[PDB]
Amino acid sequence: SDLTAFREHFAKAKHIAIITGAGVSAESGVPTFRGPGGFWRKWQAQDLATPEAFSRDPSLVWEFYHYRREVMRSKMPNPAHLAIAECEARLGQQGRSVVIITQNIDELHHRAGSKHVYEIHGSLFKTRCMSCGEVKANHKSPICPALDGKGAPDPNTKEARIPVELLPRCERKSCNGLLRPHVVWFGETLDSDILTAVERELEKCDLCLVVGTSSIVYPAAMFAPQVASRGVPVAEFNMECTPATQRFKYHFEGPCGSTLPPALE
């Protein structure tokens, strides 16, 4: 698959798109709460990250999202995040675009100094109002008083069972609607405006990077076929094996934080 081959493309590329998956947030120690042993109390993300869960028990879901807003205070961007950001900046000066398209909701790309980012699953640090629909940034710790010191991850921990009026509300006073995380739950659709934009960006691009996920799976699978059908190279950087015989074009196996920074220098 060869690094030099990749670097020759990288040198010439004027419009780079980098799609990032859970792997890159995992290297920063941010828990996914999915699959083997990633449990928050009795539940996993599948159970709590849904409209129904929120409608049924908005306290419990807000405990979950509060715990996750707070764990980010101690988790920092890994070198993949930074290498990307510094690349964007360096290339930008030269009149060369670098956009990030991320499934991750932790803002680690933003924290590493990336600017042109599309958070297709939203962000832990944005709220949406259930009444007026207003989307606003929110980095407050705690997000509201009632949740202070709540969200503890032990299967033991007693539910905070916060009254809905004391959960985060919409600060525009005529409204006072219940806020939810501005995030894409299971059973919800993506923003059409965001996908239209991403489509345009991937159509521009002449090098595409997949980092911390693969082309064959959501979300890369939506868009990689488009770029690939134009002859544009696609480089995967992730931790998955490649079969002995059927070597992938540009696949750099190993953790992003190691593989990516020398690729992008």
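Rigid core (definition): largest C-alpha set, two forms, superposition within 1.5 Å. Numbering follows the first chain given and starts at 1. First, how it differs from the form deposited in another entry.
Core-superposed comparison between these two forms: CA of residue 20 displaced by less than 2 Å. With the core held fixed, the Cα of residue 215 is displaced between these two forms by 2 Å or more. Once you line up the core between these two forms, the Cα of residue 196 stays within less than 2 Å of where it was.
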The other form holds:
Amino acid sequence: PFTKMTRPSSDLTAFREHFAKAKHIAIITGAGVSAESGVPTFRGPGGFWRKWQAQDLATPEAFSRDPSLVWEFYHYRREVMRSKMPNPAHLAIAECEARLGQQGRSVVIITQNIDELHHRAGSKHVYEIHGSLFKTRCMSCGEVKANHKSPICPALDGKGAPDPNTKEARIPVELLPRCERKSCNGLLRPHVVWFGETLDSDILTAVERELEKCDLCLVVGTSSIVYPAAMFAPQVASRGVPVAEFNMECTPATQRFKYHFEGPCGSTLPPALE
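Next, report the structure of the form deposited in another entry; the form deposited in one PDB entry has already been given.
Here you get just the chain by itself.
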């Protein structure tokens, strides 16, 4: 007899049968998908920046309290992201999307990442549900612009260093990134969702619908801790739709899915998307 496990199947063959006949694939992604591009995640070494956990600084009170510190933090991340490049897991998702579109089959990417590496990969049908490290939003007027400038403002040049006893830059509020609209000159915030802030209503509305129409769901490189994203694949599996996790470890959501493929997703995902 089998001893009870809450580890789903690892049978690639059985998954690839579902993949062969699937018309609307929803692929959900977290930081794990960029791990092999050399971009740190929230669990390992990159969970910490100076004396804070990354989640501590991605908060409205943090910005309210020390806008300069929070801008240092996001400036560090923008600069780290700059060099990095799509790994074979990103590109396989783009290729899969390309190929299957010609046969009228849809592949939608719903990413928690704010690194735009799916866009740089060639993926086209993408919801960035937590915004983007390379967009600004104005605190007064609300303009969302892309912004890939190194550095976003001269005052941040050479700053944002991660070490815990690094000297604070204490940039005055007027010398932080400012809205380029003359006659507003408001303080910019990065255009990302912070813990305690609602996701964009139209994006989420659209994502719910994509999830309702999907007949197969992939969940790659996410810890499934941050809600609401964490409950997406769970809700799909609540409709009897097969879900397959691609992760180095188990998550508290793995239990609810049909398949689970342990390992670095740059290796496990491309053979599953062929």
